[PDB]
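Please arrange chains A, C, B and F with the ligands on chain D, whose structure you already have, making use of the hints.
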Amino acid sequence: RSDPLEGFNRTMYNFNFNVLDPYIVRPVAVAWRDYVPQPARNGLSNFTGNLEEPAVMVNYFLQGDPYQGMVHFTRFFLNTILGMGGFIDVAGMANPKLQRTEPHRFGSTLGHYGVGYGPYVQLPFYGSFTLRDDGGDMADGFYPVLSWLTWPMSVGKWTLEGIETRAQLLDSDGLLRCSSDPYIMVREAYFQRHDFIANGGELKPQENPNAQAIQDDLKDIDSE
Amino acid sequence: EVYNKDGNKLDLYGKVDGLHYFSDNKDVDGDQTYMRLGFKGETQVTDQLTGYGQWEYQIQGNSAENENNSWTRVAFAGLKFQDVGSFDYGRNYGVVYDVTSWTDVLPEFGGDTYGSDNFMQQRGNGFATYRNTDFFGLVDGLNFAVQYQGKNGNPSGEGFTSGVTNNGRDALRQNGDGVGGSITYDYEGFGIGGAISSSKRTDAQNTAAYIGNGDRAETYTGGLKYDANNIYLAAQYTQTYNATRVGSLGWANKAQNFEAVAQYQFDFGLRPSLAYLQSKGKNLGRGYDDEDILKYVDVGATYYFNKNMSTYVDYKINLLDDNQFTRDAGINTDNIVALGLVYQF
Amino acid sequence: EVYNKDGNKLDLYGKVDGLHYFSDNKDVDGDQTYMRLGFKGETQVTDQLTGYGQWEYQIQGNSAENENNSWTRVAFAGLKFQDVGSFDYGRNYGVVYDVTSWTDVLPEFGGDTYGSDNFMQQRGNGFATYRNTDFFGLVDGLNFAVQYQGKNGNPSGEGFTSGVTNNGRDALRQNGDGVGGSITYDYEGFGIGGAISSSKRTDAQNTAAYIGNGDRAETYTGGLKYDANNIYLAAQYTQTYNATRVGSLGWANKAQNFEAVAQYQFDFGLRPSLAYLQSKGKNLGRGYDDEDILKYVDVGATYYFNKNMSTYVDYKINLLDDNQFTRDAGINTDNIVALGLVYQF
Amino acid sequence: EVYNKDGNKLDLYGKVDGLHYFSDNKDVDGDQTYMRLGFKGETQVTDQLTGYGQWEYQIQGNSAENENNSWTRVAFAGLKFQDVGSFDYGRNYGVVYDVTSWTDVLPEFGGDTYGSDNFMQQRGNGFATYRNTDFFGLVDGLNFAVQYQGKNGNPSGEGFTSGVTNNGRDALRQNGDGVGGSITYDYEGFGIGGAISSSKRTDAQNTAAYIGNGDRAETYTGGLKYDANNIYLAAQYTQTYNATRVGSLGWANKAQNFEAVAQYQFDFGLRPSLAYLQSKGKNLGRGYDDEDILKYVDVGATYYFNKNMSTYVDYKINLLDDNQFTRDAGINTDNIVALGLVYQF
Amino acid sequence: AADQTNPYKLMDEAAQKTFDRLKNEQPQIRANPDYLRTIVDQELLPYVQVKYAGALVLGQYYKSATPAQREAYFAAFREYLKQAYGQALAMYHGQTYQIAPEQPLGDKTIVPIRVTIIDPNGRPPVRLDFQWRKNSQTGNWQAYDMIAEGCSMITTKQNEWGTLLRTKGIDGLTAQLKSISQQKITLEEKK
Ligand SMILES: CCCCCCCCCCCCCC(=O)O[C@H](CCCCCCCCCCC)CC(=O)O[C@@H]1[C@@H](NC(=O)C[C@@H](CCCCCCCCCCC)OC(=O)CCCCCCCCCCC)[C@H](OC[C@H]2O[C@H](OP(=O)(O)O)[C@H](NC(=O)C[C@H](O)CCCCCCCCCCC)[C@@H](OC(=O)C[C@H](O)CCCCCCCCCCC)[C@@H]2O)O[C@H](CO[C@]2(C(=O)O)C[C@@H](O[C@]3(C(=O)O)C[C@@H](O)[C@@H](O)[C@@H]([C@H](O)CO)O3)[C@@H](O)[C@@H]([C@H](O)CO)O2)[C@H]1OP(=O)(O)O
Ligand SMILES: CCCCCCCCCCCCCC(=O)O[C@H](CCCCCCCCCCC)CC(=O)O[C@@H]1[C@@H](NC(=O)C[C@@H](CCCCCCCCCCC)OC(=O)CCCCCCCCCCC)[C@H](OC[C@H]2O[C@H](OP(=O)(O)O)[C@H](NC(=O)C[C@H](O)CCCCCCCCCCC)[C@@H](OC(=O)C[C@H](O)CCCCCCCCCCC)[C@@H]2O)O[C@H](CO[C@]2(C(=O)O)C[C@@H](O[C@]3(C(=O)O)C[C@@H](O)[C@@H](O)[C@@H]([C@H](O)CO)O3)[C@@H](O)[C@@H]([C@H](O)CO)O2)[C@H]1OP(=O)(O)O
Ligand SMILES: CCCCCCCCCCCCCC(=O)O[C@H](CCCCCCCCCCC)CC(=O)O[C@@H]1[C@@H](NC(=O)C[C@@H](CCCCCCCCCCC)OC(=O)CCCCCCCCCCC)[C@H](OC[C@H]2O[C@H](OP(=O)(O)O)[C@H](NC(=O)C[C@H](O)CCCCCCCCCCC)[C@@H](OC(=O)C[C@H](O)CCCCCCCCCCC)[C@@H]2O)O[C@H](CO[C@]2(C(=O)O)C[C@@H](O[C@]3(C(=O)O)C[C@@H](O)[C@@H](O)[C@@H]([C@H](O)CO)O3)[C@@H](O)[C@@H]([C@H](O)CO)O2)[C@H]1OP(=O)(O)O
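Protein chains in written order, with the deposited numbering: chain D, 11 to 234; chain A, 23 to 367; chain C, 23 to 367; chain B, 23 to 367; chain F, 1 to 191.
Just so you know, these hints were derived from the structure itself, not from any lab.
Just so you know, nobody snuck in bad clues.
Calculated pairs, DSSO-like style, for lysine-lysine (alpha carbon to alpha carbon, straight line, at most 30 Å):
(1) C:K27 x A:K37
(2) F:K108 x D:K214
(3) F:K17 x F:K184
(4) B:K37 x A:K62
(5) A:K329 x B:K102
(6) B:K31 x A:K37
(7) C:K27 x A:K31
(8) B:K222 x A:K48
(9) F:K178 x D:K229
(10) D:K167 x D:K107
(11) C:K48 x A:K222
(12) C:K37 x C:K329
(13) B:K37 x B:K48
(14) A:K31 x C:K329
(15) A:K37 x B:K37
(16) C:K62 x A:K62
(17) D:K214 x F:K134
Beta-carbon label-pair distances, calculated as ranges:
(18) D:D13 x F:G139: 46 to 52 Å
(19) B:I218 x D:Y153: 35 to 41 Å
(20) B:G163 x D:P219: 52 to 58 Å
C-beta: ideal position from N, C-alpha, C; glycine also.
This is chain D alone, in the form it adopts within the complex:
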């Protein structure tokens, strides 16, 4: 799909990914993966999810999901009470069907009914940013539990969340520069994680157009 502002959104992305990334984010990612123990990282990851659990349940109720709405309520209740503020994954090990799930912000509800994506702007020090999903996230600040966070502590959680996800992306960092134009693959990667069937975040990690379909008939294909 064509997008406006073709002249811009290109030099800023290169500066943010080739100057700020390998000089500040990259050195701190290696130390975080090595010096910080795995149990410490796991505890911080569950703490961030617990703070957004009473916020994603409202999104499911707006679109309509009695089964999924109660799933998040149980996770928040068990993590806060039986996990001392969500420091451990109480609900993760309680049931195999109650594992971690991707959060659904206010943008998921807007996309379920059908809304325009609008222009795409790469915000500095933030990465991908969109008006419908990322720009529509400023709606849960009036709900309880989330309104108790002030500006300094709230921005700390966002930095912590980005650092945690950087460790998993350090093993597969070679594919970012593999393509001729890294901007093209980044835009499509973010769009594929927010334009699934009936929105709802991202779908399972699979490719619809015949993924691994030729491996089952390679007996008569490899001979040529």
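Below, chains A, C, B and F with the ligands without anything else, positioned relative to chain D:
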């Protein structure tokens, strides 16, 4: 469970509850932990005439070492025939509880419209119940029972010469010789019940220090239950005269209790519970005219980790004002938050 | 029996007593529902030494929810060695009760001649009893035992000085340091017994507010029993000096207690029971002379459904008068009939 | 372990102890037979989540048949994951008790510096403890824990217009909202422990002249242990502020108490013991400058027959002297000898 | 050809044969770029099957499905692979080819094989990490990946061919392989 030999089987059970109350009344808040201990045996005398027994004991763990707070909940034993019914004598439930058992499935705030040893409304002493199952093996779901009560009056040997019995207590939980019965029917997922009981009042309950006068007190109830497809929907209406305890100072002359419950069962274990309770006690003979005894909305959910342990939360929304009558009676008018863990073995 | 490990045998016994009382005297009218709970374990250290221990509890279920009555019946531990004897210390039965147990065989009544903590007459506290079996393996049926009693005084909660112990009691249940013993012989069917005990009297038991003063309370008790051909015959006459409690006034100086029972066993489980007991005094004080402390005749039958649940009916006829002596001491002078069923596990 | 089915595990434990104290002091001389009874269940919900519970009761067998001296010791429930630690809420032990239990090795005596329900030092009500083992499975022997406390104060039903609680007691065990934690290090025999506690006290705690006054009470512990080659050596020294009960006079602002034990378990059952206890009171009120609250040395031995049956003799030499402070507080200042018999099952 | 038991030995032999053929027939490649593709078919195409290495070219799109989309990844992919390998071989002007030793791979579905190439003009070395896979259908040691200088170039077109397949489908890339295979190699000219 722990012993099965020579036709005798013992099923030891119990539950330890660690509960805490969060409220601004400063009268019920704090630690409210308690534990239940008891057994449930069963012996097969022959191929037709069987027998069983049940005992329970509740000990409050929130007290100190110098104070003990324990009481017996149910303690009864009796035989059970194959197709003519069963008869058991001892401490068991009343006749009104057989119809009210469908609207008190709330985790913590359940059965607040009555009290123990109060005109056959809850567990009482000296209860002789004859219950027949399946109407002597004729129809399915049609169950009926008949219960009788002894005489309990003034305490023995403490400044009393009339109405004295070996198990005397205060006049707040005294009752005479009464007879009651309950009829229930469950064809397919739908339950209908109704009980009529009448118990005589002792002389100590007719004094001028407590409200409510009458030689005989009659209680009427009735409700419907629906438990199918993991959906619970029950509601009952109760109309008792000189039976419900309005705090202190005796009982109200006429009360119209109304209870309704609604619960759902999920596949992962969560069991949300929403219920509404009403109690419009009128015809008060002390100038208090029409007043509300109890009225609150409870919303909560219970999560079952397994068949032996579960976690629940509760939120009692008390929308009743605190007037002069409520303060004298001693009824809580503010919201109470209940949360705790239960371990049943 | 719930534990059968290597030298860790443990048996869990108990029963539930559902009974009701019917009498003209309202002081004992009502219900006397109670239950017994406790464990009984036995260990095996070596081929000769053997450890054992048991505990019994009794709680009355006829009380309300505001209070409860609880007391420990027996609680003792000790070791048993092969053919040399056994010594156990704790809450156990006296040596005199070993021969008196042949008389009070009624399901509910019987044993009303004495009371709790009445020196070496019933289950006391702080008893050091040494028991032997088969007289060091020499003769069959001949057994003997000795017992020592500790000193108990006033409670330490209040200032009383003199004799004060941690396990304090009232002025009608205290005891001193005494030594007792018993000798019993068991023949084929026939049986004889004899016990002699003497307990010291504290300074709080011979005051001016209680009838009966003295330093020693020596008692002599015989015994005769016959358990053969499915019949039960027992006779026992004893003389008690300054140890038999009469009402609440105090202790009789000299009393002659005689009791005899007779029971028959039927094929289908019927066990009729007849008993006669007299407690006529000899040297009573404060104006009393030749006054009967207790005199009643009990007749009833016991139906044995099985070894777990049994039913019985009791009818006690009081042959004593209602003069000022009985009214002052508060002794029951009305016939009591009690019927019910018990379930033991 | 009497029940093991579908992952459910129930364990029954307890002991019977017959104590016959011999001493010149009237407040401690006499029989002190007590019995412990309880269960310990554990349910395996999933592979990485296991539930468990614990309950215990203590009934004194030295009382009469008309008095009850039963109280609870521990009653809590919680959930245990694979390796994150452990969290349980209910009646449990404090963080200080986890470190000070090294010197609590005597059979009957020991640990007399603190008291029951004395803040976060022993068992109490409304205890929420989170304990982590092996530092989330990272190192070996390094464990730490945190705890939380409620706000139990004066009884609600006592006509008090100040802060009250439903599970109230006398003005000697109340405590406000406080936090505490402990850290312990384990090794091959050697051990390092340490706890830090700080809990608020209610206003009623320092209303009258209670000797010690203050807004907050701090408690710092610490000790070393050595359990290797059948040798048990421990020594713990702590300094608490307004946390140790002097007696019936109030609280001590400053208290420096140190204890040390020494044991050597022989091969032939006998386990001789040697412990010393000292407690120095500083900054006392009402004219007291510097005096010793508790100071004695305990010499004794324990003989376990095979695994459970044990006979022990204890004799603690009290180095304290009789004065006005001890008479008013009510603390014994004489050497006592205790004999017991513990039968575990 | 390709071995069936030792994948490392087959890769080393294929690399040596390709280097020897290019050096012995250097004038032939310059005279006719298409001639180098035929020689590379017996050196680099035999060591990596088209179906086994159907990820670098026409991986996400075209494939072997849709009835007519068969001359882009299975049938005509052999010529495209030879042309791509021939162009890289013709770029060098006498670069030394180092054959790695027969490292132990074991029984697994991922057999990583790498080689070392050092240019004679002073350029940095380029490592050809052609990862092999033990396919059940084809027992020959066929490389399932193509990595140059350590960069995973096997999936370079995997995430880039999806944009063209979203509109033109799988038939839009059917003729892409035919044009690439028919295109002659472009030898590097020294300036
Ligand atoms: C298991 C994990 C283990 C531990 C893990 C981590 C380790 C540490 C964790 C705890 C540390 C907290 C910090 C602290 O501990 O802090 C300091 C310590 C300093 C730093 C030390 C840090 C150490 C770090 C160690 C790290 C180790 C890793 C000392 C202190 O403790 O500060 C104290 C304060 N804070 C706390 O107690 C803890 C704390 C307060 C707690 C916050 C609210 C509760 C949260 C919910 C709990 C969650 C449930 C699990 O702290 C807070 O703030 C928030 C802190 C955030 C964390 C809290 C976590 C607690 C839960 C524990 C985990 C389960 C406390 O403030 C006031 C409190 O009063 C309420 O009662 P009310 O109901 O309103 O009456 C509530 N009372 C409670 O107990 C809460 C509750 O019962 C206990 C909950 C927990 C217990 C166990 C539960 C677990 C059960 C699990 C079962 C499975 C409470 O909440 C409220 O609002 C209302 C209510 O809760 C909220 C409603 C609850 C809703 C929850 C349900 C939702 C469920 C969701 C499901 C979907 C509220 O805060 O009281 C005095 C103030 O003095 C005054 C005052 O000014 O009020 C003076 C006086 O006033 C005057 C006046 O002038 O008016 C003067 C007079 O002359 C006179 O006139 C009188 C007049 O006659 C009458 O008034 O009044 C007087 O009134 C007095 C008393 O009232 C009466 O004597 O109090 C402070 O002393 P101070 O600061 O030292 O001076
Ligand atoms: C299973 C086995 C069964 C048994 C086997 C054998 C069977 C026979 C046994 C009994 C026969 C004995 C003779 C007898 O039984 O004798 C007669 C009966 C005669 C006929 C007998 C026939 C027998 C038949 C046999 C048949 C054979 C086929 C009656 C009587 O009983 O005589 C009585 C005396 N004798 C005994 O009781 C038995 C006896 C007691 C002696 C104690 C020995 C130590 C116990 C051993 C423990 C065993 C260890 C395992 O002695 C002895 O023979 C020694 C023998 C040992 C016997 C006990 C052993 C049993 C345990 C077995 C375990 C295996 C007793 O004397 C005094 C006792 O006081 C102490 O308390 P305190 O010190 O204050 O605390 C101690 N108190 C005790 O209870 C001891 C203890 O608690 C219980 C014992 C243990 C029981 C259980 C143990 C088992 C536990 C094991 C558990 C597994 C005790 O020792 C003491 O000191 C010492 C103190 O313990 C400390 C002891 C040290 C501890 C060491 C242990 C560690 C060992 C180390 C091991 C490594 C000392 O003896 O009291 C009155 C005297 O009257 C007075 C007096 O003058 O004092 C008058 C009055 O005084 C005045 C005053 O002037 O002051 C006068 C007034 O005008 C006025 O002024 C006021 C003034 O205003 C205020 O004062 O008061 C007043 O005070 C009153 C009372 O105090 C309060 O009312 O007493 C006598 O009455 P009377 O003479 O007839 O008139
Ligand atoms: C599971 C089974 C199936 C279900 C059960 C059965 C089905 C339905 C029930 C039956 C229906 C009718 C019941 C009723 O409910 O009846 C009506 C109801 C009306 C219609 C309602 C519906 C009915 C139909 C429903 C249909 C449903 C389909 C109302 C009422 O209730 O009538 C009431 C009367 N009747 C009954 O209660 C039921 C009833 C009483 C019981 C009769 C005894 C039966 C024996 C039991 C059998 C055992 C089984 C094995 O009788 C009877 O009908 C006989 C029937 C038998 C019933 C027993 C059932 C047991 C079943 C067990 C099965 C195993 C009752 O009369 C008096 C009773 O008092 C005694 O105590 P005391 O002697 O004093 O100690 C005895 N008290 C008892 O509790 C008995 C006992 O405890 C419990 C019974 C058993 C329960 C448990 C059994 C199970 C045990 C375990 C089993 C394993 C009792 O017998 C006695 O004598 C003595 C004794 O029992 C008999 C002797 C013993 C011999 C028997 C032993 C057998 C041994 C067997 C060996 C093989 C005697 O009857 O009291 C008031 C009267 O008011 C007064 C009065 O005038 O007396 C006024 C007042 O007097 C004055 C005065 O003038 O003196 C006037 C003043 O102005 C002033 O002057 C002062 C003055 O200053 C001072 O005095 O006082 C005052 O004194 C007051 C009180 O005393 C104190 O406040 O009483 C009446 O009220 P009212 O009529 O409405 O006005």
